[PDB]
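Residues per chain, in single letters:
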Amino acid sequence: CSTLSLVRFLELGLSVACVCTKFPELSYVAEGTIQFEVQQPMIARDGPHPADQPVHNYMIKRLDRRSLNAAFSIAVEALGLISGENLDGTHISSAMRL
Amino acid sequence: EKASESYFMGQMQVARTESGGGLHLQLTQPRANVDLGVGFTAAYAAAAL
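Listed in order, the protein sequences are those of chains S and a.
Under the authors' numbering, the first residue of the first sequence carries the number 51, and numbering increases by one thereafter.
Under the authors' numbering, the first residue of the second sequence carries the number 1036, and numbering increases by one thereafter.
Certain hints may be false.
To be verified - Sample of chain S residues lacking proximity to chain a, with all beta carbon distances greater than 12 Å (derived):
{"#": "1", "residue": "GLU61"}
{"#": "2", "residue": "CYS68"}
{"#": "3", "residue": "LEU76"}
{"#": "4", "residue": "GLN89"}
{"#": "5", "residue": "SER117"}
{"#": "6", "residue": "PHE122"}
{"#": "7", "residue": "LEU137"}
{"#": "8", "residue": "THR140"}
{"#": "9", "residue": "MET146"}
Said to hold, decoys possible - Using C-beta positions, here's what the derived DEER-type ranges look like:
{"#": "10", "chain 1": "S", "residue 1": "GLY97", "chain 2": "a", "residue 2": "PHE1043", "range": "17 to 23 Å"}
{"#": "11", "chain 1": "a", "residue 1": "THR1076", "chain 2": "S", "residue 2": "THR71", "range": "34 to 40 Å"}
{"#": "12", "chain 1": "S", "residue 1": "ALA94", "chain 2": "a", "residue 2": "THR1076", "range": "23 to 29 Å"}
None of these hints come from the bench; they were simulated from the model.
C-beta: ideal position from N, C-alpha, C; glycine also.
With the rest of the complex left out, here is chain S:
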């Protein structure tokens, strides 16, 4: 036979790049935007800064949604024995079930 050597993500190296945190209700709250800006530094230049509008140093960052998929097909003769529907008391059918 052959085993399936599993691999953990946290035990890899790439994990340094991203902070992973589980957010259970996200798919519900993902109907709207989250929309948090971050910052922007600014030097103190000499000379008086005009009394105008352009004082912005808070560019906005918006969330993007991503997913993952998989396929896990199961045969028809399997769930028959699994649910005990197509089963009888013989030793044979209690072996195929295993």
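Once you've looked at the hints, dock chain a against the given chain S.
Just chain a, lined up with the frame of chain S:
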């Protein structure tokens, strides 16, 4: 050099002025310097291109 120049830092003042429904006050802090070194006290030179 170690003591290139004196540097006097004053106190801060504000300018409380409202303009266009928004409070706009600026900060100011007067400064002053003097190079307390007889003869030259700082030299530079072009390193790369």
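Okay, the hints, checked on the actual structure:
1. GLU61: 45 Å, holds
2. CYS68: 37 Å, holds
3. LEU76: 36 Å, holds
4. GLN89: With a cut-off of 12 Å, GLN89/S remains clear of chain a, as the shortest Cβ separation is near 19 Å.
5. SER117: Consistent with the label, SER117/S stays out of reach of chain a, its closest Cβ about 43 Å off (over 12 Å).
6. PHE122: 58 Å, holds
7. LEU137: 78 Å, holds
8. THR140: 86 Å, holds
9. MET146: 78 Å, holds
10. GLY97/S with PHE1043/a: 17 to 23 Å: 19 Å, holds
11. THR1076/a with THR71/S: 34 to 40 Å: 54 Å, violated
12. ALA94/S with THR1076/a: 23 to 29 Å: About 26 Å separates the Cβ atoms of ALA94/S and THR1076/a, which means 23 to 29 Å holds.
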